[PDB]
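Next up: a single chain in structure tokens, the form deposited in one PDB entry.
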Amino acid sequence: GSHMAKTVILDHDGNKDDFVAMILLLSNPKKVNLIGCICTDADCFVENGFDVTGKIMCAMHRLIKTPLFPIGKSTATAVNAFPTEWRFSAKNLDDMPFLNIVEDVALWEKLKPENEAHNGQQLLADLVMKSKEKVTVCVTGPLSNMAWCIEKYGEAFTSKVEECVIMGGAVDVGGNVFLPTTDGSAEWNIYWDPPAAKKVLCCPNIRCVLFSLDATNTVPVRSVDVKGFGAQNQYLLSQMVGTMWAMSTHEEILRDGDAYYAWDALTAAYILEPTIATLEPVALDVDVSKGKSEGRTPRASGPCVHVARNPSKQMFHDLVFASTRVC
């Protein structure tokens, strides 16, 4: 819990909570050795999500001396794109004053070209396959990169994965994909690339921990708690996380307008503290059709993954607030 670090790669798609997840992982080097990040052109414009990833890496390196690591833009493309207005969030982040501290801009400008050479899917494969320790992959965007690696390399890749902790799906609760052509039963990360999700979630060669809407619905961050970051504004990570949650737009804001979803952050929190939730083994039948139920992750007839259940609000809160006083 403080004596040995897990080797971790973050496979993300650049929304505000992807970066909260990144900050939780990177701010806890006693627990997590972050050896790389992948960014997918899903809930962001990949150039923006890439730059924000880079600058956060640079800021942590400067402040707390966490190692620098390779970052790769995936070339995976969507089956179903995220709404364009949502994807702009990483551009907004890239313009934020806490992501434009002069040292971080200078270091990222220097490190950017070497990272631009990487292909994200290939980087994920290379980092896992060449690692001495088995690697924990945290997936907070769609499952396309994991799918590509499993398809290209099979057990040469999956044998080197410790576990895969994924944000996606909706098992016993409704989804969050509301479009003229959908029934509302699907979750967005799955919907973006349903065949990828089908390939990964039911891959018998990896241990998947799934943070579906079942778990994420129960742990919003209330406005009253987001305001708590103000007491820590002298810490860069509090300026970052407080702003990331305060910026919530569209369906990131719950019904009552006084709380926000924290989907990916809870997912990374599990890597820091596995007791934050109980796990249930579940067989899933991923809908890859073009019907209204496309992307649905219902229980199969007759396991694929271990679904997170009843996550601890207090543990989540305490972890996030401690992590964001790190620097």
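Basically, rigid core = biggest C-alpha set you can superpose within 1.5 Å across the two forms. Numbering follows the first chain given and starts at 1. First, how it differs from the form deposited in another entry.
Only one of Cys203, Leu254, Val173, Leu107 has its Cα shifted by 2 Å or more between these two forms after fitting on the core, and that residue is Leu254.
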The other form holds:
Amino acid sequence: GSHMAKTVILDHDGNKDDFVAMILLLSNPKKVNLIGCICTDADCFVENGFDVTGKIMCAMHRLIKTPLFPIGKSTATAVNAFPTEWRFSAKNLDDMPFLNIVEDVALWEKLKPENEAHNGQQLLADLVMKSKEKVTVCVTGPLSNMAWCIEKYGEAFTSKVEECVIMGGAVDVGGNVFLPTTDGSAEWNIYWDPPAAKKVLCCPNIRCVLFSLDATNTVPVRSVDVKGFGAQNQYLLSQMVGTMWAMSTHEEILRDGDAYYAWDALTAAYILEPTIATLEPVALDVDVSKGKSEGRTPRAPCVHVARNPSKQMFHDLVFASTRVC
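After the form deposited in one PDB entry, can we look at the form deposited in another entry?
Next comes a single chain, given without company.
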């Protein structure tokens, strides 16, 4: 009645925000049974994102005895690619000392070949459809893999999904896609593959919880917060998250963003504590045109848009989770 863990799959695209989300899920086995991860070649190069996924899985397996799980590289291709400079992060993370602990390298080298054989889209479909319990899918990259599953399997897939918790969009606030060919109204995850986003968000047979910029822009990650990880440096997960957040805040200074934001980590937070935000049912359009507003998600089935997330609850959740090991 409150004592069972949720069955979860992480469908991610391999950047620092995606891995904070991953750590949040995997560090909390009382609440979350992580049965698979999918990596997409969007905010990463897929080979690097795959390797970092595998190292984190192996480290947690060693330290807290969380189960191993299948990991699959999606063959989904971009409609609009992420900026090249942004996609090298997973490569950089795979050189970090906390991801090269000798036992973790040894176990991942052993498990990598069996996971190499997986097709990411098909793995998502298979894990959901064979599962005894309904599955929560946490989507922190684009919606291409979910769209593929709906297209190929329809209700045979959707009837086994509990809900889809998604990072994407911008409803009542500005977007973050700033290119010579865009108007700044779209958000990146949607812009990467707008028709996929439309297929998923408009499907009445899947419940979508949407963390758009409306919510995620209210949870900045600042220097004063990043520096809190030093007090917990004895824990591997605090080394990892501290480092990743430090790297992220630096990126936003270099890119002249107002701030770095929790972004993807909020989807995972919601799965762990669904009172962290309130939900507004909203009908959305998804702009799939080739105009300046491609990928826009303006107000127009109801999508459930996360509103007003608790900064304090998020902070408490991240700091407790990163003391797990």
